[PDB]
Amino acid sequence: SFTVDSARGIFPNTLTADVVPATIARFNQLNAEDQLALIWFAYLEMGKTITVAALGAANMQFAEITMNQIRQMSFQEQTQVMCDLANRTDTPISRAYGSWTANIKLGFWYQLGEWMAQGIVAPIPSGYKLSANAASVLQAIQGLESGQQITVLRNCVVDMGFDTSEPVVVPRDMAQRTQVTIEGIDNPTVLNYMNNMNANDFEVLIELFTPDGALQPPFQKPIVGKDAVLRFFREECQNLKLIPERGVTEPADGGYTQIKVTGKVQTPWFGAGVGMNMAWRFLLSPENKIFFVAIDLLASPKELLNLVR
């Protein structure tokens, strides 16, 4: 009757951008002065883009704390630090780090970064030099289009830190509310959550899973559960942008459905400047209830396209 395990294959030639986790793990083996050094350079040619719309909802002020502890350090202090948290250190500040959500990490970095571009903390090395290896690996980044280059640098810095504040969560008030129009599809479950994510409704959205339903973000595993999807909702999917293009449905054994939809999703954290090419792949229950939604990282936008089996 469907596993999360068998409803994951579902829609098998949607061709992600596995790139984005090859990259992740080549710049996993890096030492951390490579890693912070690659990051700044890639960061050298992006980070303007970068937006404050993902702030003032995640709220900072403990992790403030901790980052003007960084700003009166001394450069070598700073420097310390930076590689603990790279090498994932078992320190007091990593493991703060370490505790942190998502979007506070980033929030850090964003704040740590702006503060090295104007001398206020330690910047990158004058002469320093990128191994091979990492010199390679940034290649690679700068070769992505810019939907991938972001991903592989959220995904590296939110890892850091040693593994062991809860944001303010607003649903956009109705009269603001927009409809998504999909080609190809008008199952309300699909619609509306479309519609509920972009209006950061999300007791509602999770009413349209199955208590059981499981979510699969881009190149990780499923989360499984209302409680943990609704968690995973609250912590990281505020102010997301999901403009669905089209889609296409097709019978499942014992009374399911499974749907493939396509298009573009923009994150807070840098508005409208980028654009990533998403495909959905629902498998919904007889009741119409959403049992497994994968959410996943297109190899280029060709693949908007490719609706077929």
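Numbering follows the first chain given and starts at 1. For clarity, a rigid core is taken as the largest C-alpha set superposing within 1.5 Å between two forms. What changes on going to the form deposited in another entry:
Summarising the superposition on the core between the two forms, the listed residues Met67, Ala32, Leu240, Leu55 contain exactly one with a Cα shift of 2 Å or larger, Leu55. Annotation: Cα of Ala252 displaced by less than 2 Å between the two forms, core superposition.
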Second form
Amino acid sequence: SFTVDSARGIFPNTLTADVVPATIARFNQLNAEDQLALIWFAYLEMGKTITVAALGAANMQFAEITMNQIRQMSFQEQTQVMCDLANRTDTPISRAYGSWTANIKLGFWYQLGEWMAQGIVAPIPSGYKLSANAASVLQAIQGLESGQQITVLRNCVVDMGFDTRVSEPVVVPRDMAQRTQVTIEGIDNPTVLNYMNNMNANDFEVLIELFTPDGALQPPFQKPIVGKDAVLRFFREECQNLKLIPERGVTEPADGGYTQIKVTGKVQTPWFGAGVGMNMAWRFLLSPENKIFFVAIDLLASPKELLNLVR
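Form deposited in one PDB entry done, so how does the form deposited in another entry look?
Next comes a single chain, given without company.
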């Protein structure tokens, strides 16, 4: 009936925010110093604050030695290390950065940014002029949805340093008594509801059992992650402490007794809490036995896409 690759195209009227990869591609053309300065100004205009809970994350112990070495370097040495990271140059610090998780890399740059404000780490030079191309990229970022802006910033951060490792603890699932349950207008399918509720409870061991053995999950702007082993690994490293707020859905038959379901809603990341709500869609292809053969998670082009629930 279906393959993972043939499942990718379900609900093809779904308009995803491909301006996000487009803008990252433009950013990737800039030289190291331009990139660092662009992100500094983009972060400022973003006008959103990282939560205290994320700011004190215990995983930063893996980077403490590296940050404290940078803090002691001269401004000229600090600037060179930051360019090495942006250039993806092969240096020892860049290799250590490359072994870190995404959340550690983000906390690393958050700390360096705090230090630049406090006069401890070399700042963006007072008379830096963004290149013509960089200024245009900066403007484009200012015109994005807040959810789209933080996705551009995160993906730029994650891709610096050396190409691929630190292992982090996994959050403990929320107690059954403390759990909430989602309500999706138009959807009572238990597999989809269980997906949302177990995600919100960080109950990844129950979540993975919703999938077929050859099932796949496709994160935004990434290729499908195939098989329970790889999906469970992805859940444990990337999907911690999210808040999924699905609100609307539609279900319809597919070939071979399969069912395809599209859900739209908002998602909050623990980095920003309720400060940023990203507009998402989930596209499910469910087997006749009510298991997830494929789910794609998309960042939507604009809030009106929340209402786009035709077949």
